Amino acid sequence: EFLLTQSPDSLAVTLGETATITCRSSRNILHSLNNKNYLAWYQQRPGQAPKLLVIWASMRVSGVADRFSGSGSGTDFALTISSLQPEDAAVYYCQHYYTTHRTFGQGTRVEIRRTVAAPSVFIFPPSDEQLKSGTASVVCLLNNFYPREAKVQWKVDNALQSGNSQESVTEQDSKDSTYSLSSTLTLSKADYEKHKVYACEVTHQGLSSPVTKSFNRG
Amino acid sequence: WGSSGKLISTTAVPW
Amino acid sequence: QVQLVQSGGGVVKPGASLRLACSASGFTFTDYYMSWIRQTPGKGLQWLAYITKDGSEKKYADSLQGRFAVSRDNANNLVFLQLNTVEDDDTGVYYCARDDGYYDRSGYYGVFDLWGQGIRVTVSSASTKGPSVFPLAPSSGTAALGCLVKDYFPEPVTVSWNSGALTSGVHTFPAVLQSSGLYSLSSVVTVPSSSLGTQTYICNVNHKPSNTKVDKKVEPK
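Residue numbers (the authors' numbering), protein chains in the order written: chain L, 1 to 27, 27A to 27F, 28 to 212; chain E, 596 to 610; chain H, 1 to 52, 52A, 53 to 82, 82A to 82C, 83 to 100, 100A to 100H, 101 to 128, 134 to 214.
If you are wondering where the hints come from, they were derived from the structure by calculation, not from laboratory data.
Just so you know, not all the hints are guaranteed correct.
Stated by the list, open to error - Incomplete in silico selection of chain L near chain H, CB under 8 Å:
id	residue
1	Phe2
2	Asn28
3	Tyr32
4	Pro44
5	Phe62
6	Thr93
7	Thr97
8	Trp148
9	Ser174
10	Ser176
In this text, a Cβ means the ideal position worked out from N, Cα and C, and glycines have one as well.
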């Protein structure tokens, strides 16, 4: 019935500059009886509960920095963060309370923008301990890169792999505003011993051409 | 009129 | 101190039931509606349920098909959420929240001004299992080394290096869920390649759900 759609999904902002996040409602949430928009904004930092920032679309709650400003009316709303500070990197959510069945927008992730930084790439063969157990995990590390978008491809005897790896990415680093990424290729010991060359190939805006790290089983 | 807490209730009406 | 302290939660088998609790302090509990809100990868941040001050009226998100039941105990400043007939979509982090609003004859209109710390709910038939810890040995400027923390259940694990003395350059990554139903995580650190013959590097892994503590020395191979 009432759908909130935020945009963008994510935003990189230079420290000291201004971030604008929008929230669109599929239905009007301005009530003429009190001339109020039934819209709230929240901030959620990694590992923490959301925090209430703004009520009635534009009223900051107690303790909230005045570099946050809510605006808009009816169906179209915005949260503007002036003079962005490092603590402002967070996921922001809008929430309506125009009906008794409240919903949130999908969240907008605000990250700190910094200069491009290429990853340092490392590859780790399976340990002898693990192999004795019947499985081989090969790990590729992409260390301290920016922007967050990176592509890791696994190649086994030069053959591109699909479906047998998993990856994850750290939160943005508080010190240097970079990301790091870990990818694991998992094979059975038997499959592992059927091939020689194991490689991870990394594509990233800071690399003029893709970087490959590899080893020969043995 | 009912209030849960007071943040929203006390600001829902101009008066 | 004004706060909401959550408990309960944890692992629940598909189809079974699980209870979440929240304990309120520092405010007049009976002056407030209370709500539960979860965060799941598939459905985002999602309001689930509210209960009125005296516990007599309850409202729920229709998509829950009546599977969840909220209740409160005003004599002990507790609110509860029971998840029934749980399914894989119910895995996530569940929050209690104080609900500040107004109500007229049309309904209740409010926001969430105070939140518990969140509790992890894992819907899984997997059994508790402590991790295997395998070295990620430095290759043989800067060297990288680490530990692979594999095949544990449930979340979470913590990893430190050299009993917490080594934090610069450490990255402990979000775990991934394998098709076996067990989790796998890596933790890495970058160090001077020149330290590899003279500095000891030990990863300290703690998996509280299984009472497993393991220290693994990581050496060049």
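TODO: List in ascending order the numbers of the hints, as given earlier, that are violated by the structure.
DONE: 1, 2, 5, 8
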